[PDB]
Amino acid sequence: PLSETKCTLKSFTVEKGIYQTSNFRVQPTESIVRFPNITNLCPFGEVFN
Amino acid sequence: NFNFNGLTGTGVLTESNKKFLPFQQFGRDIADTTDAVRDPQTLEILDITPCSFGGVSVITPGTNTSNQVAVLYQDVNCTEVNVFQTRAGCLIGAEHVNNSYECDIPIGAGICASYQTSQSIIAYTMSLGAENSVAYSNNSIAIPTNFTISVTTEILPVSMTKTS
Amino acid sequence: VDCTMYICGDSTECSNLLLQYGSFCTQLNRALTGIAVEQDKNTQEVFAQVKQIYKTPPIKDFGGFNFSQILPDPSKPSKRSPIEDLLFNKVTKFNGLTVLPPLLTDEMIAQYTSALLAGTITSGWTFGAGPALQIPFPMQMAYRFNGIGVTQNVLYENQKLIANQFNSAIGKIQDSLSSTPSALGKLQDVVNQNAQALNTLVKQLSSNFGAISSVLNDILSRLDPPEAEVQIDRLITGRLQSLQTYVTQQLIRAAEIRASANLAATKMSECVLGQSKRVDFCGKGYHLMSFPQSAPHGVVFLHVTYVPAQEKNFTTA
Amino acid sequence: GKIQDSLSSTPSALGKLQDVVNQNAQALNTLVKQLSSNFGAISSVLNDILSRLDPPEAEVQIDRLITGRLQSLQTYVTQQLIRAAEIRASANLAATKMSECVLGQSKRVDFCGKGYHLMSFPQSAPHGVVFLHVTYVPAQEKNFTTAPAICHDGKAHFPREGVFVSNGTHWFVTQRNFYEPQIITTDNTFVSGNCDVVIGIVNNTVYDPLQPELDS
Ligand SMILES: *[C@@H]1O[C@H](CO)[C@@H](O[C@@H]2O[C@H](CO)[C@@H](O[C@@H]3O[C@H](CO)[C@@H](O)[C@H](O)[C@@H]3O)[C@H](O)[C@H]2NC(C)=O)[C@H](O)[C@H]1NC(C)=O
Ligand SMILES: *[C@@H]1O[C@H](CO)[C@@H](O)[C@H](O)[C@H]1NC(C)=O
Ligand SMILES: *[C@@H]1O[C@H](CO)[C@@H](O)[C@H](O)[C@H]1NC(C)=O
Ligand SMILES: *[C@@H]1O[C@H](CO)[C@@H](O)[C@H](O)[C@H]1NC(C)=O
Ligand SMILES: *[C@@H]1O[C@H](CO)[C@@H](O)[C@H](O)[C@H]1NC(C)=O
Ligand SMILES: *[C@@H]1O[C@H](CO)[C@@H](O)[C@H](O)[C@H]1NC(C)=O
Ligand SMILES: *[C@@H]1O[C@H](CO)[C@@H](O)[C@H](O)[C@H]1NC(C)=O
Ligand SMILES: *[C@@H]1O[C@H](CO)[C@@H](O)[C@H](O)[C@H]1NC(C)=O
Ligand SMILES: *[C@@H]1O[C@H](CO)[C@@H](O)[C@H](O)[C@H]1NC(C)=O
Ligand SMILES: *[C@@H]1O[C@H](CO)[C@@H](O)[C@H](O)[C@H]1NC(C)=O
Ligand SMILES: *[C@@H]1O[C@H](CO)[C@@H](O)[C@H](O)[C@H]1NC(C)=O
Ligand SMILES: *[C@@H]1O[C@H](CO)[C@@H](O)[C@H](O)[C@H]1NC(C)=O
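Chains as they are written, first to last, in the deposited numbering: chain D, 295 to 343; chain A, 540 to 620, 641 to 676, 689 to 735; chain W, 736 to 827, 854 to 1078; chain G, 932 to 1147.
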């Protein structure tokens, strides 16, 4: 964190205080593709069977 | 990242208490941002709260005194990230001390930080000044007998550099 | 507002395209940070005009003057006066737009106005200039009357009448704020304008600005890079222009609020910590005293003034 | 002398002016850096665009740069107009302070520094003005018992200037801002009403300067 502050302030000396140095996010873990239930399946039976 | 029947986007799905009508497939917030969805296979309503985020701020005394710092993750919990949960965020690296003092590094929501004797970063609810009471009574007046002349400095800008 | 999350939220390709615009977003974040800091400076300048926290004694015998409607109510959960309670009860993070806590919370601001009230009540104007020197309230008012060209004796001979008129006038303030919806329009307008600015900014995410879709993922999920980059640049230009509009409007509104905060700080210094002789600065009439009360995103002053009411025609020379 | 030591010792004393310089410098530094941005163009340097591409497409890239750099100037100028409004407000305050604190003695509380204003001195400073405000601060105080009035013959005497104080055994009248007890006489007080109205009137003796002269 201190090096991040130095880089944000473009200085090797950081004055006393609170400095905003980055932004935290919580990264998406799983790609869930959930969709409707499967019904009205196409009459391939007749053609094939 | 979720894709509920072509509706798309990242968030945390949690069990809701909302009651959609039988035909409505996704709840929309006041400013047209999706707030809830109907899961298409189990017809239950899930709220979508966006994934936690916030700024990361570094609380430090000067590099003239110490290279020890505390990090505030603003406006999040101390689970997603000597950890002190404050209204302003999750403060990591500062110790919590109950006795109040004058605010030195403001953090927010009443919380301030300072470097004190360990000789470590602490956080506390700020004091607003020493408490006092004026010894009021209906027949008692305090009158100065001596005085000082003080000089204070008020510094004001007057002009900018005349850039053209 | 996090410019990169707002424009290009959770999209690496869009973020890479945003980086071709250089300093625009860091500049916008800097301007919004400057405003956010200024709002705490504004509150500090208005309310932190007292170094010490003063308290009134448990004895409330102030010569008949009833301050119980402006002094903190110990019984309630957050040590506020009833008028403060009316003010608070009468005023009504997604896409990267977040709201920071103020540095001084409502309880601390109530404590500062309590300190200012206890100072005014128990020491008059002396807590402002120097050490807070106790003086009985009727004697403080005798000075306040003498300060407007009315001999001291007018208070003392009419003390009971004056104290009753003061107590009645404060009760009328309680009714006036309680019953009229529009008394606090000045702070509700500020809340409403910020809410409208942010609802507009969020709604701007749904605009196409000429792109095939307002949804970044639907462009990325449909189109191959060389042309999706064109549509995304269209969305970036529109959304960046939306943020620039928002930030400019916020800077101008912040300048307005700064002017109000500077006026409020002047009024607390000259009306509350003293007895102003500036006409109509501290309400109509001749200023005697004024009292701060906190209110959400602002300050409410009760200005106590002397108004002549009955007159007679005399011949003069 | 303390002002000289205070201003010298802490370098941050003039932050209010230094920030203005810094902001203007940042305002220009960003603007200059904005020349290096592409804004979607194939190169941020105009001469390579003209040297590489034929007119029908080089003009498109150049229009892209024109929009980006013009919007950058519009941002700079808007920020300068707002900042100039801030500085104008400061200059108007400084002119008011010069008028009222330096050319006069302000009675506006805390306008001309904490305490009770006595005088002020301007000093120049780069891009601004520094005022040294000389104020009277009461510093040591004592607890006296007081009264709104005194009864002498059944008439109520109220102080003409100042307040009544008691050191425990004797009553004095004194100027409100500095302990300076005087003997209560008819030249210090005025008479209004009588003893049966004033809440808190205390019995006392008012000296009449004429009587000793008439006997003498
Ligand atoms: C034409 O008819 C044949 C047979 O009648 C179909 O083949 C059958 O397809 C089903 C698909 O579900 C198979 O069912 C399977 O059963 C096992 C256990 O019984 C289960 O574990 C599997 O998951 C699956 O459900 C069935 O075994 C299979 N039978 C044969 C003989 O192939 C065929 O699908 C029909 N034509 C078309 C176009 O579907
Ligand atoms: C889809 O199948 C599940 C069985 O796991 C069933 O419970 C559900 O009700 C089906 N979908 C709908 C829309 O009913
Ligand atoms: C801070 O820096 C100054 C020189 O810039 C140095 O003299 C001083 O000792 C430093 N502070 C401390 C606490 O050492
Ligand atoms: C989130 O923080 C709140 C307090 O702010 C706490 O009650 C809750 O347990 C926290 N949840 C998690 C998952 O950390
Ligand atoms: C005060 O600090 C002590 C640590 O010395 C701690 O045990 C105690 O719980 C704190 N009090 C409160 C109210 O948090
Ligand atoms: C007033 O204070 C000054 C120093 O500030 C001191 O020298 C002087 O003796 C004091 N006078 C009285 C009467 O106490
Ligand atoms: C007036 O003061 C008395 C105490 O003397 C208090 O009981 C009463 O509640 C006050 N008036 C109001 C409206 O609260
Ligand atoms: C004074 O005299 C005028 C006559 O022009 C009259 O109108 C007015 O009412 C009088 N004022 C009072 C207080 O009687
Ligand atoms: C006046 O008396 C009160 C208590 O009666 C005391 O607290 C206060 O310190 C006294 N004033 C001074 C100046 O000592
Ligand atoms: C002295 O005070 C008493 C009240 O106890 C009052 O009755 C009396 O009249 C006063 N003396 C004079 C001379 O007014
Ligand atoms: C009060 O002042 C008088 C001066 O006339 C003096 O005689 C007396 O001793 C003083 N008493 C006290 C307690 O200071
Ligand atoms: C002051 O209050 C006391 C009670 O604390 C009372 O006995 C006395 O009469 C009051 N005096 C004045 C002048 O109000």
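Derived from the structure by calculation, the hints contain no laboratory data. For each residue, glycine too, the CB sits at the ideal point set by N, CA and C. Hints should not be assumed to be uniformly reliable.
Now the in silico label distances, taken between C-beta atoms and shown as ranges [claimed, not checked]:
#1 G:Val963 <-> D:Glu309: 24 to 30 angstroms
#2 G:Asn1023 <-> A:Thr618: 30 to 36 angstroms
#3 W:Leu984 <-> A:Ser698: 44 to 50 angstroms
#4 G:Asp950 <-> A:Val551: 22 to 28 angstroms
#5 D:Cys301 <-> G:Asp950: 48 to 54 angstroms
#6 W:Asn801 <-> A:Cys590: 37 to 43 angstroms
#7 A:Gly700 <-> W:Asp808: 43 to 49 angstroms
#8 W:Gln1002 <-> A:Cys590: 22 to 28 angstroms
#9 A:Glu583 <-> D:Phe338: 41 to 47 angstroms
#10 W:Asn955 <-> D:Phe338: 58 to 64 angstroms
#11 W:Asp808 <-> G:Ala1070: 17 to 23 angstroms
#12 W:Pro792 <-> G:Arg1091: 49 to 55 angstroms
Quick list of in silico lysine to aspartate or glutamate cross-link-like pairs, DMTMM-like style, CA-CA up to 25 angstroms [to be verified]:
#13 G:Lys964 <-> W:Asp775
#14 W:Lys1038 <-> W:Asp994
#15 G:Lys1086 <-> G:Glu1031
#16 G:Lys1045 <-> G:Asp1139
#17 G:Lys1045 <-> W:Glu748
#18 G:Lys1045 <-> W:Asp820
#19 G:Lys1086 <-> G:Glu1017
#20 G:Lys947 <-> W:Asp1041
#21 W:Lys790 <-> W:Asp820
#22 W:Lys854 <-> A:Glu661
#23 W:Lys854 <-> A:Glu702
Verification of the supplied hints:
A beta carbon spacing of about 26 angstroms between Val963 (chain G) and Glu309 (chain D) agrees with the range 24 to 30 angstroms that was offered as a hint. Between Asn1023 (chain G) and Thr618 (chain A) the Cβ separation comes to about 51 angstroms, which falls outside the hinted range of 30 to 36 angstroms. Between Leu984 (chain W) and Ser698 (chain A) the beta carbons are some 59 angstroms apart, a value that contradicts the proposed interval 44 to 50 angstroms. A hinted range of 22 to 28 angstroms for the beta carbons of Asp950 (chain G) and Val551 (chain A) is inconsistent with their spacing of about 41 angstroms.
A beta carbon spacing of about 22 angstroms between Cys301 (chain D) and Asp950 (chain G) contradicts the range 48 to 54 angstroms that was offered as a hint. Evaluation of the 37 to 43 angstroms hint for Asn801 (chain W) and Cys590 (chain A) yields a failure: the beta carbon distance comes to about 54 angstroms. Our hint of 43 to 49 angstroms for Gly700 (chain A) and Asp808 (chain W) is violated, since their Cβ atoms are close to 22 angstroms apart. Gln1002 (chain W) and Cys590 (chain A) have their C-beta atoms about 27 angstroms apart, which keeps the hinted 22 to 28 angstroms range intact.
Distance hint check for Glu583 (chain A) and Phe338 (chain D): the Cβ-Cβ separation is about 33 angstroms, which falls outside the suggested range of 41 to 47 angstroms. Checked against the hint of 58 to 64 angstroms, the pair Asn955 (chain W) and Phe338 (chain D) passes, with Cβ atoms roughly 60 angstroms apart. At roughly 36 angstroms, the beta-carbon separation of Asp808 (chain W) and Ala1070 (chain G) lies outside the given 17 to 23 angstroms, and the hint is violated. Between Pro792 (chain W) and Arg1091 (chain G) the beta carbon distance is about 31 angstroms. The supplied range of 49 to 55 angstroms is therefore violated.
Note on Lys964 (chain G) and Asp775 (chain W): the hinted pairing is violated, with a Cα-Cα distance of about 31 angstroms set against a maximum of 25 angstroms. A hinted pair counts as satisfied when its Cα atoms are at most 25 angstroms apart, and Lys1038 (chain W) with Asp994 (chain W) does not qualify at roughly 60 angstroms. Taking the CA atoms of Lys1086 (chain G) and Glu1031 (chain G), the gap is near 43 angstroms; set against the 25 angstroms cutoff, the hint is violated. A hinted pair counts as satisfied when its Cα atoms are at most 25 angstroms apart, and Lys1045 (chain G) with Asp1139 (chain G) does not qualify at roughly 41 angstroms.
Taking the CA atoms of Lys1045 (chain G) and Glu748 (chain W), the gap is about 57 angstroms. The hint is violated against a cut of 25 angstroms. Taking the CA atoms of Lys1045 (chain G) and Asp820 (chain W), the gap is near 32 angstroms; set against the 25 angstroms cutoff, the hint is violated. Only pairs whose Cα atoms come within 25 angstroms are accepted, and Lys1086 (chain G) paired with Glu1017 (chain G) is rejected, the gap being roughly 59 angstroms. Distance hint between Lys947 (chain G) and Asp1041 (chain W) is unfulfilled; the C-alpha atoms sit about 32 angstroms from each other, more than 25 angstroms.
Proposed proximity of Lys790 (chain W) and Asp820 (chain W) is supported: the alpha carbons are some 19 angstroms apart, at most 25 angstroms. At most 25 angstroms may separate the alpha-carbon atoms for a hinted pair to count; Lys854 (chain W) and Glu661 (chain A) exceed this at roughly 31 angstroms. Pair hint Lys854 (chain W) plus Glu702 (chain A) does not hold up; C-alpha atoms about 38 angstroms apart against a cutoff of 25 angstroms.
Comparing the model with each numbered hint stated earlier shows that hints 2, 3, 4, 5, 6, 7, 9, 11, 12, 13, 14, 15, 16, 17, 18, 19, 20, 22 and 23 do not hold.
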